[PDB]
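Novice: Single-letter residue listing:
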Amino acid sequence: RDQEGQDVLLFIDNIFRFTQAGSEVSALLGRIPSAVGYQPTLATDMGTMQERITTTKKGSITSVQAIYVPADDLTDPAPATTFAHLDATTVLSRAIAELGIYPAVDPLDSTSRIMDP
Amino acid sequence: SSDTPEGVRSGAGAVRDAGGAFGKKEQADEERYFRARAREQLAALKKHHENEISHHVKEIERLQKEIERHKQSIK
Numbered sequence: 001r002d003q004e005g006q007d008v009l010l011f012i013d014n015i016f017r018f019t020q021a022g023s024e025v026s027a028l029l030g031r032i033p034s035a036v037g038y039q040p041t042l043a044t045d046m047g048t049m050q051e052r053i054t055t056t057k058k059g060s061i062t063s064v065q066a067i068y069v070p071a072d073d074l075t076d077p078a079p080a081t082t083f084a085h086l087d088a089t090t091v092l093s094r095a096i097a098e099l100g101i102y103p104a105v106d107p108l109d110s111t112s113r114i115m116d117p
Numbered sequence: 001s002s003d004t005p006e007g008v009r010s011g012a013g014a015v016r017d018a019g020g021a022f023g024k025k026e027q028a029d030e031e032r033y034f035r036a037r038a039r040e041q042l043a044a045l046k047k048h049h050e051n052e053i054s055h056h057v058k059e060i061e062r063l064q065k066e067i068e069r070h071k072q073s074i075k
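Chains P and Y, in that order, are what the protein sequence lines are. Sequence positions in the first sequence follow the numbering used here and run 1 to 117. Sequence positions in the second sequence follow the numbering used here and run 1 to 75.
Some clues are possibly wrong.
Facing chain P, a subset of chain Y residues (Cβ under 7 Å, in silico) [stated by the list, open to error]: (1) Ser1; (2) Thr4; (3) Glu6; (4) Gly7.
From chain P, some residues computed to sit far from chain Y (all C-beta separations above 10 Å) [unchecked claim]: (5) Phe16; (6) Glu98; (7) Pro117.
Because the hints were derived from the structure by calculation, they are not lab data. Note that the Cβ used here is the ideal one computed from N, Cα and C, for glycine as well.
Isolated chain P (complex conformation):
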């Protein structure tokens, strides 16, 4: 992006193990935990990583991140904080593979925030 000026991609597998490992560092030092057990600096630590992926004047960085939703809880503190940064979703479901359709993309539950005229 900087030294060459191209359109980078970047895959992180997955965005929950980034978050879960920050809570282990923060609890080995001694900091008192937040809500359900995560670290107090949960949104800033995600902030300083997720803000370095932008579209500057030279080039850009795009990102594609897999998400694990614990205990089917879409309001859990770790996927709540990650959803505040997202501009899309992609859902791979078990049923669309049975129809024979590839890639297995669910076109009713996959969103995009820039869907606007």
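Place chain Y on chain P using the hints.
Specialist: Using the frame of chain P, we list chain Y on its own:
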């Protein structure tokens, strides 16, 4: 949130495990049936308790006929 092992599920026979107003709509419904079959079968215990002597009686008559045959053979 049921198509996942992480998402919680239910057991078998949990309606009467709660204790609501379906667990007592069912605990009483079973007593309003099996109290009235308890006197269809308490009345017919006069007949078939006499019938089990009548069957025994039947056997006795049968055995006495065999004895009769043997007694005539001896004669």
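Novice: Quick check: which numbered hints come out false for this structure?
Specialist: Those not satisfied: there are none.
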